[PDB]
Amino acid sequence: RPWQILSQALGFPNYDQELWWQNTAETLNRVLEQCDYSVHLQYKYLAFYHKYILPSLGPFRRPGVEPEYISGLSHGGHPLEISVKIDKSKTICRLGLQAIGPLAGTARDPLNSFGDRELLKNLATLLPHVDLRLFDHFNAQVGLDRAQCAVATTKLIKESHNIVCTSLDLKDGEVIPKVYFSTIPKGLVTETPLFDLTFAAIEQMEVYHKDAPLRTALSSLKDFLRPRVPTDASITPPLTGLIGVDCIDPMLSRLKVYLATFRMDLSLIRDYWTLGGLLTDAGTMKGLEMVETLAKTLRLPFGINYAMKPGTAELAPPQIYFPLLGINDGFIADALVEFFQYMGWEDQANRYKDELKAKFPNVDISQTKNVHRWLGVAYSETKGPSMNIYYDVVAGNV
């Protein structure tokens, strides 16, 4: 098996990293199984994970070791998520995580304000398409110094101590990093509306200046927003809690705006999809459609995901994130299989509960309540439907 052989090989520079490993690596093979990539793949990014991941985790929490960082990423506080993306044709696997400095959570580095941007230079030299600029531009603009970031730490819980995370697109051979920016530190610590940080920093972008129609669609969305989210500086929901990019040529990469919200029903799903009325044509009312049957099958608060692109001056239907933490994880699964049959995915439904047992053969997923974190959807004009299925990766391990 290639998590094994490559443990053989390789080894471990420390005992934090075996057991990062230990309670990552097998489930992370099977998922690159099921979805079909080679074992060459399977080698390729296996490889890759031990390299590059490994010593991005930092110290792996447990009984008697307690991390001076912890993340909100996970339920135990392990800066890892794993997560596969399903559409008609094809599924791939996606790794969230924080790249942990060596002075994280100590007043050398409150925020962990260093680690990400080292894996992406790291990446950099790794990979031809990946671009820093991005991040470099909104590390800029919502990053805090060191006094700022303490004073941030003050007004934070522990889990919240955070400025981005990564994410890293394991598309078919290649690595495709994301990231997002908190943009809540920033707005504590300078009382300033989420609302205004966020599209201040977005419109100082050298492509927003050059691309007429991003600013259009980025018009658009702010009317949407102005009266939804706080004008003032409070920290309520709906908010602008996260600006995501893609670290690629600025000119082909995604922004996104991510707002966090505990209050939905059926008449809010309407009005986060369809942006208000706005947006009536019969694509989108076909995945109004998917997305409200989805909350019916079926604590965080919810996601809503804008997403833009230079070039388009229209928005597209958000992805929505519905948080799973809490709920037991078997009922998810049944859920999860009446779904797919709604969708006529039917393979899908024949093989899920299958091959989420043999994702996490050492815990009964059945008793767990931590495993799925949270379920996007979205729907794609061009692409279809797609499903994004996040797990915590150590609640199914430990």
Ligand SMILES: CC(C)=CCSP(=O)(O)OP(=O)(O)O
Given for the second form:
4 protein chains.
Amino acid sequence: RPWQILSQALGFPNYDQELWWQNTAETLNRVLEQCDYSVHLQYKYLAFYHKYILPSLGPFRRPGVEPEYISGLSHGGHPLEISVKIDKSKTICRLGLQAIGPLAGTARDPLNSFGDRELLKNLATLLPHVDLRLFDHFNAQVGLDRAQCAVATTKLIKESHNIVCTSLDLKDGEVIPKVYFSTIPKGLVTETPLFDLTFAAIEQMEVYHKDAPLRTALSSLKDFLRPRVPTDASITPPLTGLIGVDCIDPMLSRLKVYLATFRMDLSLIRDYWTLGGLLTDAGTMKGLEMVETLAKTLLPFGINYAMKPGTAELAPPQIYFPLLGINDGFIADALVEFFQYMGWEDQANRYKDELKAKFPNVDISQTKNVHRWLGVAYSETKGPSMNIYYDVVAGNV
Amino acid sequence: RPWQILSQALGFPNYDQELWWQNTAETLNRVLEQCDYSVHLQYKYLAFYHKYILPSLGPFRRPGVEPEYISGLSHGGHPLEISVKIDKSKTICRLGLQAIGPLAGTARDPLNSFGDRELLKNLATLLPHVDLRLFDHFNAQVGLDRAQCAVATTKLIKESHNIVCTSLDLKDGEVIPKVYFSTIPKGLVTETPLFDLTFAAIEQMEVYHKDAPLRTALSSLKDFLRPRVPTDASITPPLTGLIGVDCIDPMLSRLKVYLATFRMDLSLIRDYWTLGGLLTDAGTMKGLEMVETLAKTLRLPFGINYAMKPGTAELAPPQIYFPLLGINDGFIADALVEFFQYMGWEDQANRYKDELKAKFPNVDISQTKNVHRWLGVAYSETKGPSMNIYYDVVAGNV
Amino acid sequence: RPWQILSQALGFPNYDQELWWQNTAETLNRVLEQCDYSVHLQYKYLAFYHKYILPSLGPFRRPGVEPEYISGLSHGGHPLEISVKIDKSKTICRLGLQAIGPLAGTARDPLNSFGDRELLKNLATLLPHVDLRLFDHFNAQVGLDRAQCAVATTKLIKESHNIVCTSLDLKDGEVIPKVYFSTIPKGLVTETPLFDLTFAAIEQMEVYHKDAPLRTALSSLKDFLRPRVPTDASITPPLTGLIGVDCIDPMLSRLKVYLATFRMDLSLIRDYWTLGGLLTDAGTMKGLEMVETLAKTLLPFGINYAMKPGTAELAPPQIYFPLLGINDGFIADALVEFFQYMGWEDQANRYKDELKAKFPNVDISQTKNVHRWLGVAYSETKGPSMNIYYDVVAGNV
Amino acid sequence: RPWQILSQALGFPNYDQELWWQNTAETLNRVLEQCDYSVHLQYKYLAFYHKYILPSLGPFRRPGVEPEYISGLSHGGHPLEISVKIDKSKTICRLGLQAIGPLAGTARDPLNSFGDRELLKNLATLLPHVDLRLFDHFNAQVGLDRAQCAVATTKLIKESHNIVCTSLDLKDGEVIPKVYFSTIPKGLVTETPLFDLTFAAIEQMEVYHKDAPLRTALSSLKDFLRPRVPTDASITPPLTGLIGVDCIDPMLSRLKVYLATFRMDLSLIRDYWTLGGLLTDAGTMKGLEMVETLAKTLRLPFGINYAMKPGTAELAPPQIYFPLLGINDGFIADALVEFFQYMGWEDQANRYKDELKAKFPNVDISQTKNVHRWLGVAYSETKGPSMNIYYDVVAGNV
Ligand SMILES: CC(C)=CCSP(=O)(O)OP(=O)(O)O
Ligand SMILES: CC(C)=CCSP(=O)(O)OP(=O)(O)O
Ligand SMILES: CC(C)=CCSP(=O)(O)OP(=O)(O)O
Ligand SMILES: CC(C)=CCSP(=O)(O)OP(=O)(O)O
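Now show the form deposited with the named molecule bound, given that the preceding structure was the form deposited without the named molecule.
First the chain shown before, then all remaining chains and molecules of the complex.
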């Protein structure tokens, strides 16, 4: 099996990397098999994961060994998630991580400011299509000096001592990086409103200055958000908490503005999904039925407005439902029912057996931590989609 | 001696680092001694150099071993310079380099786009006051993807396959990084005028949006440069070829706009120094006599560097850089002694030649023409006159 | 293809490693395909080669870039060879290299004394069955301090500034290391006879002291060699120039004593093969016919006497014929004829097309450097074998 | 100060190295100052420590972070000791460590079999006089394959999962390595008596075969030890538990055979020191009074170390090591002052307590019982009396 072959061939530089492999790689290889990646792509991705991702993941938190840096990405504080993006026809595997520098969570690096850019630099000599210009732009806008980072750690819980995180889409035989920047540490430290920081950083992008359509989309977005998020410097949800970009040509990159809120009823779902009455068309409304049916059939909620250069009109967001604390057997039964509702008969018939087989060390009918998030979207061109985000480590124990 | 002691204590991870040390570290230790750094600071800076700078310098170009990446920083293609900044009261040592990545000058990294940021990342965990925000800003504005980098190499000579370089001021017991970004590769690849892209990148700075004084200074600078540099996309002089920042809090960083030109007579020196008649005050005019006297007392382009700081609205006179490559180093030393006497820097005059000899003991500096590379001169209202001398250390040692 | 997939997944830490891959890995993957290794084993070996062997190979000598260390292993000074061991039924791929330290061929490391042990140390945490005790034993016996190493470089050509080299058999899904130690630098520097050094080092082995059979074999070997090699300190072939061991349990390791000579006529072949009349049995004589037929159908010659603990009697040696300077098209036609002589019809029918396909950048009917060595052996239990050693780099240009 | 200056210049690759430095480097710099090393040598040894020793020390065991490998070298499981060797005329500083590989104490490396040789390889390219031949010889004789290593861990406590450790004498402006190999894991796994395997490994040395004097010394040693240590495979005292060599030319290396025992009265001290009546001369007998006086003036085993050199046929008296773990460090200091007065080392007596305090400023050394770990004493005919004091640096700093 590819994960086993690579272990045999490569070994491990240190014990932390060995443990990360022993607790994630079998699962990943299972995911890639189940999403119908060829064997050559299984090897591609697993070898990549070994060489580039294992060293970025830092120490493997476990009984008796408490890392200086604790991630918010998972229940046990491990900076890793594996996610699937499901259509009608295909499923795509993705990794989400924080790349942990070797002084992270200590005075020389209080918010783990460097690990993600170091990974991306390695990715840029590895991969011909990786572009760091949007990364560098937002790092310059929302990054903090060391003194500022220290101040931020006094005002945030241990699981939120971070500015950046990274995802890698394993798609089209390639690795496609995306990054997300948190606005919160900068908001806190400079006592600037999150709304102003977020849009100030966006409006200084080189692509913003060249693309009139993007400027039109953002002004619509701004007009929707301005009345709904704080005008002052509080961290009072609903709030503009992350900015997302693809690490590709800035003209092709999607710009992502993520709201976080703890409150989500039907009125709020409607309001977010339709941008307050702005989107009334039949595609948007079909999406909204889907989201409402999902809520019925079933950490902050997330609303992610994604914009692309050359497009003047906003689309409906992706909405993220937190699943931490809900039984994983129930979630699986709920998703099967939702998949039948969508007419995704093949996804419905396989979901629960393939979930078991991803996570053989665990009884999903007893766990509550393995599904962490679910995102749903509807695109005008691409159709409906579902993202399921798993705490791999929780599922491997 | 410190450079010897660190060799014995540290050794070398590879032969290229050993050769770098053997061709630069004696000289550097000499310079620090001559600028009256304490012994503890000599160790501090030499140990730092060994740990952080040696691995960043790449292969040591020499007969039989042609690196894939050739730097424009020195005559022999070595990515290193050492410079001294001389006042009346003190002398400061500084290093200039390019941090060479391990695939530099090959298809995976045609313009050496990553080494400098990697060095700076290491400097940020080392040093409590290092800030990368201006670095990242300009890297986003003037940097290029791989395909663009490959295009750029087809339009530039081998010595100009670069976007960034780094300097380290060894001052106040600290290491203070500065970086410089070339506008040329982006100008060439996007077929944009250098003036436009330089100012477009500056005007998108976070500090530009917060600081009215800086905007005002740049607006005056723009009015002066717009008529004097190309409005088209040519690389002809005078041109806006580099943008410089300090890797510190953006509010305290100096923003530097560097012109390169090959033509420099007395009228041009006047025009640059006074910003075309804009500066007429007595401090400016004293600076101008000094610079005129230097030009009289004495290939690469001339440089003119306008340096602007947040919170200051008015432009100051630039620093002017005289190129010295190809002029005998014994002559340059005699000229500098005379200039130092003119300034009333009697102590600097009396020591300059003997210290020059002692900086470069393994080569007869009176026979060479490549060791002094540049000379910069400035006058500040608050600081007084200054001189920067930039040496091709490797040419002084091989 | 696996070599391509790994390139894509892994990239390269530096340009030298990239060039080594671009000039050897396609060939290796071709060899492994032709010897019928499964795809999973192709990935195993190619991933291993990338992680462990590429960094050990040092700079890639090429026009404009002259390394400080020049290896004798190949025509262009590259420290690599790939070899095949051919039976009737199977073919085994092996790598031979010198692991180049980062100060090799300079004053801090004049004979490249450290790179091979550093590779083996990495192999010992990678592989459960690797044993370093025989390595360390012979390193202690024939290794030299820095001053001695400097003296040795003044008395040897640049291509002989070495004490150790390494081979890796790619067999049974495993990597099996072997090492060879040169007696010459120590002989030269201490003005000790090679015969005395070689046997002194052997007789101080822990296994020699425990195994009466081995002591009996070596005393027979000593009685054969003593009259035929110098009693003085000259490097006058025939001479005892290398000692070989397997990096496994000392009780299972074969101990190999290699003679080098520039003179090889029928009388000498006979004398070496039969240990001077000592071996007269029908197995030995069939071997000898085979070797004689090979010579007829077609750097020093090599004679390698291999002994194993628990066996009191000597076996016939392996004899190594240097092929440098003989046309590679001719060698292929000669080997095809020899394979027919042996009744290895399948090996005969495939040898020349598979040779072409290993080395697609080159016209074998014009080159003289690609076959470097041929070894032949006959074992009482295992049967006849042939080892062919290729200059991979010469074959890739 | 040098330890501060190197921190500022070098920083740390990871937090474990930072913590090591923060808990040992001040103390080390203190020791070097107190032994009258020049400032240049302080830098030399501190820079060396940073580059070569910090990464070899592994994780820094502390509350909340339990490393996979736990060393027996110190009370807190930290693989480091600092020791001073005191004469009448000088004091020499030495480091003892285990070089912790990155899979140590796990299935891929159960007895930490590789870190020490990796450090020594780095030392061989650093230092012109380092020689690995004796290291490799004993590693071949007493080392174990992985399966054997896993068996050994089932028969030994966690603090004894080791085969090798390393010491570095900081002497003559140089670093001189020594290594020690434990015979215990091989004794246990092969069910061989410790006496037999110790001498079997020694007798296969290349130098043993060339040097009649060394063979004669060992033959006398064997006659003395054979009746006193087990003839069976038990780990009971007295036992031959370590073999020591210098990593230098085998002809100049001292070969050290160390006994460990828990029982030490005046008759036993006499028996060990005189090799059972074998040594009766006036130098030996003066040494013996000294050692008797030390025992009177004052848990781990006692150590007795017989040290033999090629070209010497006759045995000398051993060095005897008194274990001090569990005895108050204020008391030990008062005892040593008294012993120093007895020796007529008035200067050593007058400074010992104040320097002890200043070596360990972040802990009150009068309250601790773990800081002095061992005391060794020797007498040479050619060299005079000596004392080695071994400190648990980490226990003195945390
Ligand atoms: C960081 C979290 C929990 C979600 C980010 S939204 P995403 O990038 O995972 O979703 P897409 O890949 O854009 O479909
Ligand atoms: C890199 C070159 C040739 C010139 C840079 S100007 P500088 O930064 O060296 O001069 P100052 O340090 O600003 O005085
Ligand atoms: C070093 C050279 C050219 C030959 C060594 S003999 P070998 O080990 O390659 O042959 P075997 O693998 O023992 O059949
Ligand atoms: C490692 C331990 C506890 C004792 C070793 S004896 P030593 O080598 O430290 O003493 P000397 O350096 O030989 O004086």
